[PDB]
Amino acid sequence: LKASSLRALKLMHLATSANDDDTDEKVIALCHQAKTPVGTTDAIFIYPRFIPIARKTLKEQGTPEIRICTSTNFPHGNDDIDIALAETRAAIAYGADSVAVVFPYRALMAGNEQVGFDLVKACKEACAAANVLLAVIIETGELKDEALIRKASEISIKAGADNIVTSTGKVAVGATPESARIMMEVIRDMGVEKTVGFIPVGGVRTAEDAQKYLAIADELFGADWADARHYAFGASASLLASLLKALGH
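Structure please, single chain, the form deposited with ligand 6NT bound?
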């Protein structure tokens, strides 16, 4: 477990706990937390307008390698591609290393598969031209059905997603061991394990959970697959406190 909690800490994408009431001071506190006694988390997850100050802080503490992830079309997941695209172009210009666009899942739940494909594809073309990763949040907690979770995963992957994410963290249900396994099974069944990673958001509170979720990835792809590029824990500082507590900190 000590080996798992450290492995997980380095895969963490430390997310802000703010709800659009974030502040520069809170983001600076978050940047300092990403610098743990046992090493750095892979990235932080913050709102676009705080990327410049976060980048400044990360360079000031000697951790310029910590990546910055942000969100667009978030958390609503509306089906307006122009707005989602513009927000992605802004996140790119802010300096984001990765942009997590929210899939238009309500449109899928109403029977529209194309809008999600075009939306993801439009944002991927922008992130790719800027050397930025595009993650796609499909919001498993709202899709609920296994078939819809797979469909949204397949569509996102076909549209060029570099990572598929379970949840925004803003709805009733986030990641679960079931939905996480479903999405990773899609990555395997489509043979895209080399180019598509997985990120659970919302359902990983403790070190035991981090070990459980990593066990699924190891089981399905082997223990070597879950590196910084192909796996990450989108979670707040509470999980980091549990991961550190398991390591005696």
Second form
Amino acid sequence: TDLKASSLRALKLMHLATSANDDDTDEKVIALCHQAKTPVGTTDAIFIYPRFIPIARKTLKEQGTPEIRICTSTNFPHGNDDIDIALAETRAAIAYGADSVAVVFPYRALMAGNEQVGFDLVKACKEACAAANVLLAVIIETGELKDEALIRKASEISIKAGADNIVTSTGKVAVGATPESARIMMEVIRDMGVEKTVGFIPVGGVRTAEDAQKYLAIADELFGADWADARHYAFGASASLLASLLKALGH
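Here we have the form deposited with ligand 6NT bound; I need the corresponding form solved without ligand 6NT.
Chain alone follows, minus partners and molecules.
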């Protein structure tokens, strides 16, 4: 029954996205909105491309779940180092009506030795989001950085630039989150003492109810059992994890 409790808890923290082998479509997003409403409760949000926000917002409203948030991505998935492009895309996502924007950190530029551009890019995008009461998350793409020191450095730059959440992965490269990269990023949150204002989102690597229980255990250990609420923790995953959480709950 410990598994059942963390399964329901993981479920309500989900940022439901379409399968990686599906991209997105007006009908597939309407379907996604329906799956986000289950017999035991709703996921916290959906994760979709910006152009589908307006139709997702109407679907969620008309099905009686206006409280499900809509998160989207910019500078995505490439993480290029052109700030003007990243800012313009972020402003468009806001105008579409997003509740949360996840900008991809310029991780290639960091790997090449540029720590400043990542700071300036996140800062410019956070400025636009804050001005519109939108949360800014930052994807650092742990699967491409690989090295522990680079994952810490990307996390530290993002936090100092004003990230409201830090995210492992885009979901568009082979390797997403792992327990180790997840631990590293949450330890930066702790070491910097910013756990009240910065949350964490593993993308990928969580496919079963047992995986989700393991990832939540890391959060409970580092910050206490109460820390991982919808504002500070989320699982960026697809319908396959959701079905495993529902199954563990007997549905």
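In this text, rigid core is short for the largest set of C-alphas that superpose within 1.5 Å between two forms. Positions refer to the first chain, counted from 1.
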query: Is it true that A18 shifts between the two forms by 2 Å or more at the Cα, once the core is aligned?
result: yes
